[PDB]
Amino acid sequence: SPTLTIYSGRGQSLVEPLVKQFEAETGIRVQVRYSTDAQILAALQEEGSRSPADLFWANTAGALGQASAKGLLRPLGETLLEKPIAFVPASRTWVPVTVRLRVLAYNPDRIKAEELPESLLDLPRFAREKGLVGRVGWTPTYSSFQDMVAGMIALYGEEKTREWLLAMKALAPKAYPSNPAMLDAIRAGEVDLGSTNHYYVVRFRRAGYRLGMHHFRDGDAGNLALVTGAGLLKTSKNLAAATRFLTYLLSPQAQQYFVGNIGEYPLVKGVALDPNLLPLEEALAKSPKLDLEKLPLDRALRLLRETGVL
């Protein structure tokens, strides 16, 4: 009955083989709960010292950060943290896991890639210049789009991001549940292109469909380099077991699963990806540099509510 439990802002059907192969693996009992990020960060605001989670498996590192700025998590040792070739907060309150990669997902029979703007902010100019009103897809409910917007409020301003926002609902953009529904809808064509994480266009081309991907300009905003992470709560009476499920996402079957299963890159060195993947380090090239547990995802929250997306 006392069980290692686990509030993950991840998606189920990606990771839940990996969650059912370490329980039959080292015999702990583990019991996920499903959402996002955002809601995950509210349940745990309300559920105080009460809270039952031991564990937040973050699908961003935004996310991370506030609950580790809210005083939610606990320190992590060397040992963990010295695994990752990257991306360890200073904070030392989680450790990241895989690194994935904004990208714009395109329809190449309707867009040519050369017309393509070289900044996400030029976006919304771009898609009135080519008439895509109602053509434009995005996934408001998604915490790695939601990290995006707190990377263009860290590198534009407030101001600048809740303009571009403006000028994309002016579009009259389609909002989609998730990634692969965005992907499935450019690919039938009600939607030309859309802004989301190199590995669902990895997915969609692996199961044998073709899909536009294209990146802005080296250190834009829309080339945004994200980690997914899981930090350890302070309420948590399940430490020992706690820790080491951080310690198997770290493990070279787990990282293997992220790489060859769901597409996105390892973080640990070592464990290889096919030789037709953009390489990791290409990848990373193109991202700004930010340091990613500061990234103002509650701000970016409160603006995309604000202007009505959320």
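Residue numbers count along the first chain shown, from 1. Compared with the form deposited in another entry:
- Assigning each C-alpha to the better-fitting of the two rigid parts between these two forms places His215 and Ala241 apart.
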Given for the second form:
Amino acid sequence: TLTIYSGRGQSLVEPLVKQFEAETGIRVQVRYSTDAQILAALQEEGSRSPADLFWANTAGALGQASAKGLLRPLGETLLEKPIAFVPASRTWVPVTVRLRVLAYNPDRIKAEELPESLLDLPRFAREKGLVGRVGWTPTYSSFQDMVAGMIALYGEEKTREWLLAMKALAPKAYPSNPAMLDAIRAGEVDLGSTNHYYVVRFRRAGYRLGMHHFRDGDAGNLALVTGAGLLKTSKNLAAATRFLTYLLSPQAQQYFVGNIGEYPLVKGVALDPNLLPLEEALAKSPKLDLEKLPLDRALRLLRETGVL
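Same protein, different condition: the form deposited in one PDB entry was shown, now please give the form deposited in another entry.
All you get below is the one chain by itself.
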């Protein structure tokens, strides 16, 4: 009788849940909301919460749960499974990771010429004549995560500097990443900060698209970790633990990299060619506490600068 509060989209979640159900005979009930609402709902429900598991789209949202003392420390051998991104808390387990990257039109942009730091992107745009030819996705959650990452790395004022310098390029805003990548393909824009798996998806469809990683440590390579946690309110601790174990199972991790295009966190999986190895991903990403990204601050700043 497993009850999951999921900030991950249903289309992604349901196949895995079906499998578990059929293979264990455990009946699972999943509630789908934003990481935001789930965090609200748990604080609301208190000890009267049905939820056994929290499966978040972001490690930020899990940091909050662990911050409101909501999660139960995990089976020593569980936190042993994933290759990285385990939280000091040991109060949730990371399931996939996604990378911020810079997508571009190989026909229009030379790989050699792209900046080693996201911070230098506007200067690149100005020199290379890309006014009106840069795309971004201001309303997109991972873009907002990236901006919070810049605030944590460089400070609010450097980040503000970057935002206003980006705005001064008259960049085009897209409602979604596929929309922006379509634009990149069409030549409406030349480049855009995105999530690596949107690019992997395009490439699988046959569309040659450039994928640039910034220098190691750079805010532009931000690791976007998804994860799951065992709630304190859980009265189904065996079944719940089985499911966490299941999420980290080779077959499920193959689903994540294959069906979804995200990075698996375990071995025993066949790896796409459009991904650098997991280990190099780690090497590339900024070293930050992913549970503590100042997302509220990023949002405030994005609205103030007039980006949002």
